[PDB]
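Take the given structure of chain A and dock chains V, U, B, G and L to it, following the hints.
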Amino acid sequence: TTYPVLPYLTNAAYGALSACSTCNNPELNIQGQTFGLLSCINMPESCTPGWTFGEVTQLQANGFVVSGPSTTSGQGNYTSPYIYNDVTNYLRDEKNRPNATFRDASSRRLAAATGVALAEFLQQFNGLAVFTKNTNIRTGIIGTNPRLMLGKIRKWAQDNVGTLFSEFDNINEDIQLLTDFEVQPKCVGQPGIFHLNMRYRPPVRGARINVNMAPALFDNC
Amino acid sequence: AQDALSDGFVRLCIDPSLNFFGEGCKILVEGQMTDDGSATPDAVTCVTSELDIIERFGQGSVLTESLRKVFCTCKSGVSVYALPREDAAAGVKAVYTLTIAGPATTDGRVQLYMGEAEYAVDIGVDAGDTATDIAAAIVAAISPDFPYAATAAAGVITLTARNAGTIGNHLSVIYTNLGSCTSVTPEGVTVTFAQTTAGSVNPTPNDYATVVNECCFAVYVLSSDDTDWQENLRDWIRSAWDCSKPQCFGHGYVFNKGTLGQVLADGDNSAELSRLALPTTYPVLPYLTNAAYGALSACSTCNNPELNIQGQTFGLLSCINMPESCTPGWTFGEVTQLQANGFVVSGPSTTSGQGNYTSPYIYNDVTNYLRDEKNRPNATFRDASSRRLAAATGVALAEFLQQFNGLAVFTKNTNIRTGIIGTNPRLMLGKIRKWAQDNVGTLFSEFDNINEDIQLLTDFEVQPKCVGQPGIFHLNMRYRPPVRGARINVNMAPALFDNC
Amino acid sequence: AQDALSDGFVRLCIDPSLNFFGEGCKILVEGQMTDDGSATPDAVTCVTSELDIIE
Amino acid sequence: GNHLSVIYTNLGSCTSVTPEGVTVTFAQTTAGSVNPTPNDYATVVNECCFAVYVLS
Amino acid sequence: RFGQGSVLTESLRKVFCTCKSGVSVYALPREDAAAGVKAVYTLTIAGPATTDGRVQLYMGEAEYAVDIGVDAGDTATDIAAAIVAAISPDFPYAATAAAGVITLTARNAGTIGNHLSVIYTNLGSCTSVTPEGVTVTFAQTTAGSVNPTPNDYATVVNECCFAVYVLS
Amino acid sequence: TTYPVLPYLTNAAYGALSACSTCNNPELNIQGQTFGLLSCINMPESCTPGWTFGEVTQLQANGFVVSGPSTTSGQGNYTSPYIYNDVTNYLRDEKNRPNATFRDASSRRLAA
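Protein chains in written order, with the authors' numbering: chain A, 281 to 501; chain V, 2 to 501; chain U, 2 to 56; chain B, 169 to 224; chain G, 57 to 224; chain L, 281 to 392.
Okay, chain A solo, but in the shape it has when bound:
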């Protein structure tokens, strides 16, 4: 309630920083004094910290982006607010089933990036005529079969490990390609329709590091 800066200015800086990351690194979390520092905004420093840490924990618990001053002081300088957590207001599934798929703004940005990258890769099979998965397409023929399609998809996914996914528990069982004939009932599936299931592991945001310092002073114990 006691927020000095006009709120839409801080909101615009936050959104602009998120966009200006999207353009470059979708996996980045707009968070902390380096990556989530709204340096254009400047608010006067105070010892009264806006949200108390109890309120900060309650807000971060209920999917709220909390922002705080970069420096606390009584000298009355100006400080730039930085984002504590780069999360969306998503807490729970369609079963309300508290879930963690879209908790991070990084998760939305990166699911968009992954969907678009996979779609642009799969667009290379558009126009190609599809043979059965036993046919060895002759050279000069613009064609492919589900086996070659799945091989190229798996190679693509393994190419994006460390860029768009983490590693793959089992890339063979994580990426599956079925024709519409082995999904639909007999004589009901349509030719040229495929079902690709990809169970990937995206990078996570990184929320807290609980550090437990244990000074050891004794030499004979």
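Among the hints, erroneous ones may be present.
As the list claims (entries may be wrong) - Label-pair ranges, simulated between beta-carbon atoms:
#	chain 1	residue 1	chain 2	residue 2	range
1	B	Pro206	G	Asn207	53 to 61 Å
2	G	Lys76	A	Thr351	27 to 35 Å
3	L	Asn305	V	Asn414	24 to 32 Å
4	A	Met478	G	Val212	20 to 28 Å
5	A	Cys320	V	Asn214	25 to 33 Å
6	V	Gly348	G	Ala142	29 to 37 Å
What the hints assert, rightly or not - No more than 20 Å apart at the CA atoms, straight line, and that leaves these computed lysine to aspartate or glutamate pairs for DMTMM-like:
#	chain 1	residue 1	chain 2	residue 2
7	V	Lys413	A	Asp454
8	V	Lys466	A	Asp449
9	V	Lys246	G	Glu119
10	V	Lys413	A	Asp499
11	V	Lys94	V	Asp108
12	A	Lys435	A	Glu453
13	U	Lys27	L	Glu325
14	G	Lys76	V	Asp243
15	A	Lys466	A	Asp449
16	V	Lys94	V	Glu51
17	G	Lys76	V	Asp460
18	V	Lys432	V	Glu447
19	G	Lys76	L	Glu307
20	A	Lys435	A	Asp449
21	V	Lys246	V	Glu400
22	U	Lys27	U	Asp53
23	V	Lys246	U	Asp53
24	V	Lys413	A	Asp449
25	V	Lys466	A	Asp373
26	V	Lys246	U	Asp16
In short, the hints are calculated from the structure, not lab data.
The beta-carbon is built from N, C-alpha and C at its ideal position, and this holds for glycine as well.
What follows is chains V, U, B, G and L alone, placed relative to chain A:
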């Protein structure tokens, strides 16, 4: 525009962002101020230099004098903050009566050590001067910064404390001229010192949570002897060292003046306070020595947190000057008993009967911490160096770990491609171990086994199945900080024989 | 709070549990005491040092 | 318009000394009222994708 | 949610202190019996103190221990007031001072209040010297009475399984 | 009878430790100074050991969980109670047939 800048081929920006000054030495000096001051009570205010002390916090107040000592102690500090306090509503000012009897029959010098050496008076009494003239001379010679308004009345000098409360009850006027061989005191004149009334009700603010909300302070200096007020400051600094909320550490500096039994009773298990045990016969006004000690500790924090404010070189309160004596304040039995029960003992730099002034130095730089939460007598926060250095280590490790903030976290098998702002727990732990090994000899000692001392776990391998949250890490660091260094038991064994 | 600790990204705990002193040499000396002493008879009491023996 | 915070960031300052006399007080004599509710994104932003939407 | 200093509050505080970062702790708050009687203990202090010292008291658990500093000449009234002011608010016993007698009334009626053990863990201590004079005595002037008997688990916990039931 | 800690606190710590094991290792026995250490509870050390060993054996015989101080001393520190035996109050069958199927709390947790 200007040639070579008018065509817009070269666009120039100055960027004065590197050259901003650091705060410096964040010491908060708290004490009572007189009504002459212009400062607003109950509000932490920056004190730039020693110039505005008298204007802001009163002329001759407790806070004025403690701030004067803080400024005399540290090098050129301007980040000294003050927290002025109002006198209690029903507070009673201590009144001492320095009664002088004459008349003088021979000439001589009358020297008096009142308060500290900064306030000493040195008047010349001629033969035939009545007690009235000598009292008038002493009053006219009393420094205005002395925290006691002096009024002469028929040879009795009434010294009324400038600040109400028990803080006025620690005045020691010493007629440091008796028996002197160089400065011959006049025949006749008799100086006697009585304290006709005692200090009473003290401030008990208990408003640190509001006044100092999140504005961290490396050192808190308390210029009051009230154990309730010291306890409030203790509770505040203990809250500042709390796992519950983000800790922004501190350390308190209070004094306890009294008999050995009284000083020991005033102590507790407070790792947050460095209690300064002062004897009943302590000449210097206690808050001055406390302020010098706290200012020295702060002025070390700014530079070397591992330093122990201790000994004649590093713990020498050179601003304070007390007259030398052969009676050593605390006897060594009392010194051992105080150092045993977590009390900072301070002693004269030199012992002599020549009656010079000596600067007190700190014997042990320890906190008033003896035992754990199981009472389990423990040694983690025994040293003030330990609190200062645990704060420094926590802040340094936190500022290092802040570099993983914003980075997206992959699994510990993923080889992050270049250009991706990311990391995995393996790279995180490698960088943390490199950081810790980089601070060996600066912030830690060596590492028994740096691999088994620093462990990083995800929240998935700590919490039950499907209960841990992604992106949460648990870092356990078992480090070895430098220890203070308390005693060197030297055992000399002269060998005189050649054939044995 | 303090910078790098205010955003709650790094939560810090000190844990002074390693540095607790061991008891040492558990020897119980039993003997008669004079009435000048302040100790309560028939009660095992820790004796810290040689200072308080006479008292 | 209901989120203006004027702070007289000069009170008690040691460097910039505020004048004696002058008193600054901040009151908000009236409150904001009815806001826009467009609800026309389907028409205005039909298929023109946008990575980030900022709402002021 | 469950009251300040209640039995359920303290047992839940211990459940949360024990397990790692558990949030699936469920609670089943119960009302005090209609005619329930709160246990009353009287920690009576006699003085005055003649020497300084520390007065430490283990009441309840170590989380509730008090450690006050008694100066010489403090009457039993001042020491009782200090101990009351030092009693933690989470202690399941409301403390009121009266002329040096500290009345500790259980926050919850029933027999559950009948298990308070205040130990003056300072007597004979070599490090923390208890003040001369001061005498701490602990009496329990009244006993707990009628307890809750819900017997409604079939309705309250119908099929919502629970690995562990803790009864306080 | 002379138990210093408020009893429901020790009971809550014991139950919370048992639950916090269930979530991970149902076969674990909340027992001993490592796995059955109620570290949140802290009671003052004493030489008078609550239950004497005769009473300890009689209680453990009749299916009672006995808890004792982690350390015994006269120095007057605080000690955390740990659980001696992690058993249920089950001794005998439906024929009274003294049986051992559900003697351990581990047995109930692990049968579940």
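Hints, one by one, checked against the model:
no.	hint	result
1	B:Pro206 to G:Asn207: 53 to 61 Å	holds (59 Å)
2	G:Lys76 to A:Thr351: 27 to 35 Å	holds (34 Å)
3	L:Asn305 to V:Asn414: 24 to 32 Å	holds (26 Å)
4	A:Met478 to G:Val212: 20 to 28 Å	violated (45 Å)
5	A:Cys320 to V:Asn214: 25 to 33 Å	holds (26 Å)
6	V:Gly348 to G:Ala142: 29 to 37 Å	holds (34 Å)
7	V:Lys413 to A:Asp454	holds (18 Å)
8	V:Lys466 to A:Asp449	holds (17 Å)
9	V:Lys246 to G:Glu119	holds (19 Å)
10	V:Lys413 to A:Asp499	violated (34 Å)
11	V:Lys94 to V:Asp108	violated (35 Å)
12	A:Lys435 to A:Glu453	holds (14 Å)
13	U:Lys27 to L:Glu325	holds (16 Å)
14	G:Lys76 to V:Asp243	holds (18 Å)
15	A:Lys466 to A:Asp449	violated (33 Å)
16	V:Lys94 to V:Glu51	violated (26 Å)
17	G:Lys76 to V:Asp460	holds (11 Å)
18	V:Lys432 to V:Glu447	holds (17 Å)
19	G:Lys76 to L:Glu307	holds (19 Å)
20	A:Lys435 to A:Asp449	holds (15 Å)
21	V:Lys246 to V:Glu400	holds (17 Å)
22	U:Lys27 to U:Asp53	holds (18 Å)
23	V:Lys246 to U:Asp53	violated (44 Å)
24	V:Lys413 to A:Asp449	holds (12 Å)
25	V:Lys466 to A:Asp373	holds (19 Å)
26	V:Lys246 to U:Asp16	holds (15 Å)
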